[PDB]
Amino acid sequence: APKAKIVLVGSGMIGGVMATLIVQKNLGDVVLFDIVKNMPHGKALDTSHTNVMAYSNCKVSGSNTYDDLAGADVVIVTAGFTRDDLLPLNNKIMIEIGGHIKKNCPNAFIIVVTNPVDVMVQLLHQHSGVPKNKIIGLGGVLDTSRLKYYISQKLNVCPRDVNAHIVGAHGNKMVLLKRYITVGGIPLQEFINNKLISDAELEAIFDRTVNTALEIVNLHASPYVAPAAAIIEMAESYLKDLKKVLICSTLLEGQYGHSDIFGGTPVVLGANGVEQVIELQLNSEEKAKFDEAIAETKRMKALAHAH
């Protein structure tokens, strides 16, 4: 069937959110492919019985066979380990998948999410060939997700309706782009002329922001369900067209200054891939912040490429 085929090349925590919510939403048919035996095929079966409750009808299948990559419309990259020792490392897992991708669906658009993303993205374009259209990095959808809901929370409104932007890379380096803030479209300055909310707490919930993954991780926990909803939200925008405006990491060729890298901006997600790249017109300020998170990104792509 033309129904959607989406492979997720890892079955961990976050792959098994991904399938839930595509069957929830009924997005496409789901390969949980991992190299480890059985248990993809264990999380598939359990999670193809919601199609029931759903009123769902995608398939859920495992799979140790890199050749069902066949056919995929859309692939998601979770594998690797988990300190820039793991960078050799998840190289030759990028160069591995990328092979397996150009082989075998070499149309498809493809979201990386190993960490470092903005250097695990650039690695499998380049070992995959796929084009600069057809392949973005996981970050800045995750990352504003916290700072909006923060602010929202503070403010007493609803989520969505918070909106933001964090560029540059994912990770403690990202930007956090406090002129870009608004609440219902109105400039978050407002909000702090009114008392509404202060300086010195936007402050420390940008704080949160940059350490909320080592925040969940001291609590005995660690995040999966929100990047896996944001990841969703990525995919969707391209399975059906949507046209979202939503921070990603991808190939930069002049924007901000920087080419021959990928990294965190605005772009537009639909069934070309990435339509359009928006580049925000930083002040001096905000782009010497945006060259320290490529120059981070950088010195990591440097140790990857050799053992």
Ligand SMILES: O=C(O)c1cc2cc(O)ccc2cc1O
The other form holds:
4 protein chains.
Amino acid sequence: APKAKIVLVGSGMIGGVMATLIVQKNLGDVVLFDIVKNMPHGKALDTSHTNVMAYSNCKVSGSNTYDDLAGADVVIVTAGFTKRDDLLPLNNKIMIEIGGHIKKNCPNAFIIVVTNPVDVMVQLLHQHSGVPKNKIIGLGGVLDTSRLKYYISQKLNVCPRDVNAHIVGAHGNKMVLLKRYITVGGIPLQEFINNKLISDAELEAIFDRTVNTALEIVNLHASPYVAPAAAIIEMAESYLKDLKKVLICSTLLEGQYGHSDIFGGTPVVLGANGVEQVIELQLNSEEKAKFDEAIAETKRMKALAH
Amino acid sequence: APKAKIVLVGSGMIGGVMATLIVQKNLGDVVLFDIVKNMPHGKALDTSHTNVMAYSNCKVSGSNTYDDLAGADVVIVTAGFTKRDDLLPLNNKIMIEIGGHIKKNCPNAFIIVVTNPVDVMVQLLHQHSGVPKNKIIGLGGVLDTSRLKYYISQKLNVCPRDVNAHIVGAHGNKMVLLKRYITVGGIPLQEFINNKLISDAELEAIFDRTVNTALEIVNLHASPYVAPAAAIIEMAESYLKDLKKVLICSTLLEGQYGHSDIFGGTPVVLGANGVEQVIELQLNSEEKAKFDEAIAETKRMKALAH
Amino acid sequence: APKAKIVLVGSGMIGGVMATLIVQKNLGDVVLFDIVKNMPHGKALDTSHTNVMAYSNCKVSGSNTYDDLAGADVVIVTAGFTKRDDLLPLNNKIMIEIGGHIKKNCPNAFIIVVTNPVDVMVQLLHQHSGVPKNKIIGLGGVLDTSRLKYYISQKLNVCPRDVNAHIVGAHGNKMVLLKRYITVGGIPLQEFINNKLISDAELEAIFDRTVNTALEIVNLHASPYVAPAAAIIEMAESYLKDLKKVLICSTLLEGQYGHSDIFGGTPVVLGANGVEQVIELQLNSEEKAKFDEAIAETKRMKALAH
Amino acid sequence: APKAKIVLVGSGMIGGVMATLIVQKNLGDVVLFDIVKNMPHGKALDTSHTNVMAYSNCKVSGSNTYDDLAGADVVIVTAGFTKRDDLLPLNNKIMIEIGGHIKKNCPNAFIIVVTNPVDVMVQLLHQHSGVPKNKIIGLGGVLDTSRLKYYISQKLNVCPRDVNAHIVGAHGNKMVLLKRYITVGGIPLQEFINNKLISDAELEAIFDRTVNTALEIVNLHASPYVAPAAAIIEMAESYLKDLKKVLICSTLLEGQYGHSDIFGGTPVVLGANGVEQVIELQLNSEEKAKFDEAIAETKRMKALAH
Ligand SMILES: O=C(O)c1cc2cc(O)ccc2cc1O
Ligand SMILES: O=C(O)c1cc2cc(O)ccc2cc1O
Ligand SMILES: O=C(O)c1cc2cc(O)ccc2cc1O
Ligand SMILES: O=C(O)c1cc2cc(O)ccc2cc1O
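Show the form deposited with 3,7-dihydroxy-2-naphthoic acid (BIK) bound, please, because up to now only the form deposited without 3,7-dihydroxy-2-naphthoic acid (BIK) has appeared in this conversation.
Below, the chain from earlier opens the complete complex, with every other chain and molecule after it.
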């Protein structure tokens, strides 16, 4: 049938929440693919039963065979080592292997890369998979901004979705948080600062907390995978349902912000044709300087990956 | 049971779409109240069957008795003559009658007034119902801005919800459209103008179309009730589910924009305590002048109503 | 884009609720087509604004041109005179005209016929449109059973969806209500009768009320269109999302119940390939006798239509 | 605010999926409580960010303090050792501790027990918490039947939700699968057997697979928590939204099936008053014999627990 087929290359914790959410949303049939024997079959089985509770009809199957990429409409890559620069060349080899299978089996698939550092790994996969530049993106800004939006919303006592914000350049510690592009119910945050509903010092603390959220969660003896999963699914859904949402993602830069031949975080429009638009924020020189540091770091790590 | 009870005072076209949507969203039990004998019972019956299709369990009942206001959590008033200044005193008498029944039967209800001109009728109902100022609002800005947001979104090829905009002061022809407070994916619209993705002249046409939308629909031999209904339900849902959405509604001004003792359109925060916050936009003198004209017109009509 | 295109041939009351629901559910782009000049454009405009409230991105456009059928994935026909056997030949001519346009413009569309008497009009459209037998159905059983299910659920104080029931043969006054195939939470209704939670006499009253529901609503000075609309959308959604729901619809019989070369109501499975399965209930002789009377009446009216 | 407060006593894998789903569904504020220091705070933080993606406004907080039970509307207990009869007295002590805190802090809460063996642990908690018999249930039948329903649905190529089935007596290996109470689109499964769409031998294999599903998943090197979580949330939602769904759960028997003073699995109706109805299936002597074996085993383990 013409249900979408969504292959999750990597069936760890992020993969398991993604599968759950796809069934909840009835977005398409799911393949949980992993190198680990049998585990993806077990998670798939568990997840499949939830069709009953969710009033859905999505197949959820496990896979240890790359050829199950055949016919994929969407491919979401979480596979890779996480236990530092030394992992860069190992994760490059994984992107290479996956890219070759995408090129062979599903060259028209829309690809979302999650493996860190994402702004590096997405470009490596782009290059090895051969897909068009509008058909591959990395998870970054939707996740990082979810934190900033959420934290401001709790301070202001408003619905989380009503705070909008932009974090660009790269995922990770060089992420560029743009104070000037925060709004609350579409109103500039500065009005709420002028009114003393939130202070500059509070926002600085919230910015630091945002940058350091993954660390804060790890130091609490948990690990971040629920928000990453939800962010990816928001992206995947925008593509699949042709919503044309403006979502901040890692995408190929072709001159925006003065940068070419590299991937970086920026608002894009995701619909049925993939990345339909790349939006270039009209950054000032001070914001562009931080954007430049983010790109420099992506480049440093990209060189080590080879 | 502690399901919310939602009484629709007026069971015309807007009332019928509201009932449908409440069932679709499983928001609470519905009473379709009207002065017209038997018709609300028929619409209620029709609507009740949709619980099966929607997987919901909301009672939908008709009523020709004001005492069915008893126990209402939410009251939505669409009743009133629509077939001009001459209707003002007639509609005042209807607000008076309804207000007396609210005071008697459901003084703790959250009230949404729709009857036009809304910025007048809401204050009349406020005064006769005796409810607190945080417990009554009028439909205006959510509906007017839905048009502006939608039209920009189609020009820019982005998800409609990703355009945010502010229209304040009053509903109707003196509505104040604030170009400066339009954003796209949280980005100032001016960036899209600077980039030539949309022109100033296009936006002027879209503003005119926005102001004149109800007229445009009437002149096409239809009448606006689906968007009005959806806008009201977004408001009602924010209250019922304590979402704390920032939504532009007609609310009592107590000094904001230099105005007191009158209702006017402005962003508010709607949650479990009703109007939790009134947000005052930091308008410039030119925007404040148009806000003043809107209020003057509400006042002119309020005087004729008595 | 590969969003589904859904053309509503007829933009009256049922058409307007269908458009609303499609946007609410983000099911696809909508064309409101009608013979009446300009009205469908006005309803379409009104409906389009609700994308903002619903977080959807469905185009809603009006049409007075049959060639807008081009590219339709789903076509829903409500057009036809309702103001009796004399209307039969007039409505035949309308089905003929529509069928010719479907054959020309969208021969691979999935078709849902609503125009009454539906078990006649669906076969007339089938014959003139040339579509495959698995690609056209009529609204009947989902709507009639929604009433029976709802009324039992209110008596038993259970969730409406948890009552399941079968009404077969035809829509309208010869509909066959099958007491033996009613369940509550998957349990035979007879257990609830044995327990005295519901009596045989109560059920007889509920059966009569079911058969006479459209009349009951009309006699209350309303008209049935909200439940019809929701029922159609449940059918359309099952097709579009490949849900494979078991839904009772008017479909071509090829020997089931002893009948061929005629359409009649029976459970079918609706998924991406249209009618994937026709389910033949193992009726006893007394139930088959009533099924036969329903078919006889469809045949009597089909003869008058030509 | 009058948002529901839902405390998850136990923040392991099932707890983490439950929190995710509550946010997705905007069902209420969540407390992830656990004995383990800091981990629930980390999962809570991760989960909280998803409010942005989900358009929700649910607080998600961690807790290592039992007094955070105060004001709970719903309490879901997953805490307990899983690494056999020897764990019975340890898990009894945990139920005792939790029960004392419920009695003190939230005696009007609706309680769902998950800890295994559930039909034992639920009664232990009932006894120590002091709550009314209509306010505490155990997870069993919704989960076990999700498997049976799902597996039949895939064989028959129908929507999973359209298969309904009953598994009673107890959760675990003595669960009673009732072939006679399986339906497909409300039609007796026997009709599909008579038609050769599914064989008796196939169903026997599906029954075995159902009983052994948790084992099958564990033997695939995964563990069951996604379906358990979804099943619990379906139950919790029915209560919170007063849906009055018929759901098979472990509940106090007071003579049904010849059993008193023990908990066992049976269809109940869950709404705003908790267990509003206990439905007693009219089992035959052969089915009652298996129901008796299930109860005997619950009793054997209950004796060892003390
Ligand atoms: O959640 C995040 O934002 C995050 C970010 C990063 C960044 C990075 O460079 C490595 C690993 C992670 C892991 C994560 O969970
Ligand atoms: O849809 C609208 O915006 C609208 C606005 C107004 C304003 C007014 O003053 C009278 C009537 C209507 C009716 C309407 O449908
Ligand atoms: O709602 C119905 O069931 C219904 C049924 C029928 C049957 C019929 O033969 C003509 C018209 C209608 C109109 C309706 O609204
Ligand atoms: O998933 C199940 O059905 C299940 C059932 C049982 C039964 C039991 O007695 C112990 C543990 C489990 C764990 C589980 O995951």
